[PDB]
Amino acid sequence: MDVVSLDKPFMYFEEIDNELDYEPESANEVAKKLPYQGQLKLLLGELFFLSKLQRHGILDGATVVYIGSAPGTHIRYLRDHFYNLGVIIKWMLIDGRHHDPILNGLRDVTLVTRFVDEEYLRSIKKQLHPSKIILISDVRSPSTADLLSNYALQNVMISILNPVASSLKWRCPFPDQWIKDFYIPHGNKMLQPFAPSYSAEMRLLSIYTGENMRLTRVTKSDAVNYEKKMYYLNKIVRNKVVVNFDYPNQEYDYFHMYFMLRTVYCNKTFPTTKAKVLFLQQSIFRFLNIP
């Protein structure tokens, strides 16, 4: 077995301390071990992001605009969590597909069946005004062309919506499929426990200060780096059993999950962080119907 002692998991991309040549054969290997793993991946990352904003005092009173939200089953838990905490938030979930019915009948959450384009972003910006906006984008068209298009849309979301913070889907196009260099917003490249086995996707977290917008250029050389670093993370790291991690499940992803969950705010007082995390994890798994 693959046992190890780790102080902490890699929380952000920049922390990954090694790389591996990508093996195309890994694409044929099982991508998911848990039912509803995708909803879990999203729930952990979004809970982490939103808790950070709470920590900085910018969540309460904002309207969370989530684009690419359907089905969005996990969003009900996110909404309940902050709603039960006392935080005041309006949710506006926009997608061309239908949302999970469990999202209906909540006055604080508005569902919109529309694929957004630049023009629509402007109308909703006029309609939300003057509320503070928090953007979460999980739009998926794929080809590098599809990706660039999505990234180009996500940048437009930020320029038009002008949010106080954003969480964006971010997967660098593959080096052998480069088309052109492009810019993405500057942010923390948050790694995602429970992402597909060989997924190179992460979430770009950003907080906007002043009236500036900093972007960063991404080149094919960056793409080769993303490829090698995420390959090492997936093939080696995520397959480690953290023996010094005293917890019911010692797999790397649960170790990573623990670290994201220890930052989440709860009403109930716990004697230890271990107790809080166990509580949240149990609550989460129960909600998603994961054993």
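Residue numbers count along the first chain shown, from 1. In this text, rigid core is short for the largest set of C-alphas that superpose within 1.5 Å between two forms. Residues that one form lacks are left out of the comparison. What changes on going to the form deposited with the RNA bound:
- Comparing the forms between the two forms on their rigid core, the Cα displacement of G86 stays under 2 Å.
- In the core-superposed comparison between the two forms, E119 has its Cα shifted by less than 2 Å.
- Relative to the superposed rigid core, the position of the CA of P130 differs between the two forms by less than 2 Å.
- Under a 2 Å criterion for C-alpha shift, the lone consecutive stretch of 3+ residues that differs between the two forms after core superposition lies at 210 to 212.
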Given for the second form:
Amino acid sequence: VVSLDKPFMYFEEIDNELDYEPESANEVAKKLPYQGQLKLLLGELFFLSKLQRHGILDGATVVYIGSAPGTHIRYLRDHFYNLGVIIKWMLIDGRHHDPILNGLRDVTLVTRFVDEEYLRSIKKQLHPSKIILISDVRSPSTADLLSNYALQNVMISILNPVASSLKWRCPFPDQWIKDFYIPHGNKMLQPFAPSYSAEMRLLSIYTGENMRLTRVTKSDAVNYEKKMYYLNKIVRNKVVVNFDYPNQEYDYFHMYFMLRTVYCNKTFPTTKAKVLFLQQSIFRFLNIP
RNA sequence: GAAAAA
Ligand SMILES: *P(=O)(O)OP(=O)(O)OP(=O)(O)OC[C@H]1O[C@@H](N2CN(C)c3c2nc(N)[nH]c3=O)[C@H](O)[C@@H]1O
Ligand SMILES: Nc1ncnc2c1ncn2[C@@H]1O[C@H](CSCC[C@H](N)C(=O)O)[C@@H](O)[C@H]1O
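If the structure you just shared is the form deposited without the RNA, then what does the corresponding form deposited with the RNA bound look like?
Time for the whole complex; same chain goes first.
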């Protein structure tokens, strides 16, 4: 057990490190059904609420590349829809999207794997709409990663979004090829990720027609492995005794801090009240008990 | 990276 004031929201805040134990991969990584779908929903709800909070979400077109099956996206769509927000969703991916996204007047399902030219095409057919970028592409070896990151960067250059959420999982230091550059932004830690995932999300709001790239070296690669391992093995594997809530596991503690930033069209007397409600609807919708 | 029942 443990007593915590608040969970580690952004990577930079992970106070300790632990050298990766390869035996870890032999442990079960998914404890509940549709864990990934849940993990995606919370991060997106969270980022998209920071957007709502800034007044960047209404009238925007959310381009989610690498969106299949996207089961959780229908919940996101209904959410802001019921909130009164105007959003236009364009889901592009070569894999088939969940049937519950069909015929939705405000979502565009596009079956196709994205590339440079197709970015110019969607940018074209979208402008002057304010684009919000969400990537989740994954071709997995470092080569694949570096490739996906080369695309994620040009997605920003071509699409020129006003804000973006990228998939960010640094190459393990033992399979390193070379150094690369990534956009600058807040590295958001996500709950309900696989037990020993090193994946976090790079959230960034653009000043306008801007960006900024930062270098990543093998030394950085080692720091990630160290910090992330510690977070997964220790921190996440704990029960927060000072967390007044049915489930007191770290991930739920962390989700309570994510879920409390999201807006709802109904009135709630307390944060825990709203949190209980949102978690309920999400879990029931996703069929997670 | 995602991955109910069957
Ligand atoms: P996601 O983005 O978290 O998932 P992905 O499938 O890309 O990678 P993951 O399962 O984490 O890793 C695949 C294999 O690589 C070794 N791992 C995992 N892991 C967290 C980790 C590994 N190796 C080193 N050096 N350091 C790490 O931090 C295992 O063989 C996994 O099976
Ligand atoms: N160049 C590319 N363009 C678009 N999607 C791509 C891509 N390369 C890989 N992908 C897609 O990226 C996805 C990674 S997993 C995505 C899970 C999805 N976001 C969810 O909500 O369920 C895969 O479905 C893969 O088909």
